[PDB]
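In the form deposited without the ligand, a lone chain appears below as structure tokens.
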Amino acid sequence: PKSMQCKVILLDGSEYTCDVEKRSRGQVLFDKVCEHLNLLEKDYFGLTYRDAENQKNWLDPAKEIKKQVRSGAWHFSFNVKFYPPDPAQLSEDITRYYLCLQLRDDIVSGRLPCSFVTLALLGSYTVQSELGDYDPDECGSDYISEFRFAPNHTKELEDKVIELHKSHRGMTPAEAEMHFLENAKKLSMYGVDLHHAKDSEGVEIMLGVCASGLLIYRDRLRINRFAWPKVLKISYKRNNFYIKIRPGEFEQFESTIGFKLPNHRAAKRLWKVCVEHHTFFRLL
């Protein structure tokens, strides 16, 4: 049996290395990573890899790893795939912990936009979880945390994290993580996967995929929302992605909305994440 070495970037930034038989399906590697992480609520999560364009792709657990990575390195990341709309309802604290680590990267990266006060509040719960009770000894008027909290760090943000951290005395890591999630879950881009596209007139839009449905972000005043029940059918053809929407009270037949993606691969990727999130929705 010939085995391929796999390297997985974990959500704490560390690297897990293991071997799988070269013809292994994704699920084999994923099971090894989740056992390493002591994770039981596995189906919220998945592995990604980067292709030659350095675009992220979900490793399909049902398909051979080699038919997905193809010419690329067997290098993966462990990530949240399905963001729980209600993290309080997860059965295990360790699940909420990994979701916190993913969200911290969502924030620092700018994928999850956040007001100054939300950045500071989330940062304060992370510090409480990571270091425990506020200690003046390792925090002078000039203090700067090791923790990355935001896409752009300022002294004013560091000071506000410390002010809020003082208020959390006696909070355990599980409690601070639950508070972090109660706040993060409310953010307008929580669990939203954004895809670049053009509408049928060639105007640049963003399509967002999430547990509740599909968003068409046209401009700040114009954001079309289609809850999953309103979506009859999804499809891709060449560089085009189509959604069929149930007729409204003033409609006789369904409507079709068409979108132009950059390339055939970007259309197929969008279709697959839509199908997957639609199934997640049907499980809620």
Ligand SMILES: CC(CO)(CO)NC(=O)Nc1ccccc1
The other form holds:
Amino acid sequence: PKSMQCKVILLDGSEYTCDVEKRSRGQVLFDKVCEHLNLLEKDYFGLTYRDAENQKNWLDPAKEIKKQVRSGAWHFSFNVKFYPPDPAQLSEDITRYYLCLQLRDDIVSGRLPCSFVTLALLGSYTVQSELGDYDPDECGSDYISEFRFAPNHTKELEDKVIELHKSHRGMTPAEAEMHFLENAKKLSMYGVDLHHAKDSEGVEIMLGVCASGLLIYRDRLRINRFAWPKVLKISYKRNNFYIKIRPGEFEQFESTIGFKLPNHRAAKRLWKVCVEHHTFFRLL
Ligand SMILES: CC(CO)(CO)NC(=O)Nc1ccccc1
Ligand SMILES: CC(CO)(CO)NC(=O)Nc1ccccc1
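Could you please show the structure of the form solved in complex with the ligand, as a counterpart to the form deposited without the ligand just displayed?
Zooming out: every chain and molecule, the one shown earlier first.
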């Protein structure tokens, strides 16, 4: 029974290695990683791989690993797939812990833009969780944390993290992680998966997929939002992504908005993440 070596980048930046039978479905590997992580609330997470075009793809747990990674290495990342709109409602602290690690990467990466003050507040909760109560012994006027807090670090940001850290004395890791999440969840790009597209006129837009629905970012002024209760249906055909929108009350016919994606695989990928978000967040 022939087994393939799998390497998984975990959210703390470490590598987990295991073997699975070469015809294994993605669920097999996912269950191994979640068991390793002592994670029970698995529904919010998934594994990603990089395709031959270097795009992030979700490993479908129902399909053979080999028919997804195809010619590529059996190398994966463990990630949050469905960002909960209300992390306080997760049943376990360890779930909230992995969600914090994902969000810290979302922030450092620049995927999740954040004000100076929110970067410092989020950083101060991470420090409280990881080091516990503020200690001046590991902090002179020239302190710079090992912790990555932001896409670009400044001495002013380091200083503000420490000032807020001082205010958190007695806070437990679970408490600091909950505070991190109560702040992070309000950011306008929290749990937004962004896809480059062109509108029907050929203007470059971004399409966002999240818990609430679909967002079209035309520019900083003019963002169209389609709550899942407003989207009737979605479709991909060749390079084309189409969204069908319900009519307003006392109007006969749904409207269609068409988008042009880079290639057929990018159209399919957007369609699949939309269907998955719609299913998940219809039910949740
Ligand atoms: C105005 C508000 C606060 O955000 C009231 O709850 N709802 C939304 O903005 N919903 C939404 C729809 C589609 C995509 C993203 C968000
Ligand atoms: C089976 C299929 C696949 O596309 C076609 O009807 N379902 C959807 O598209 N469901 C959907 C509904 C509202 C919002 C987003 C997706």
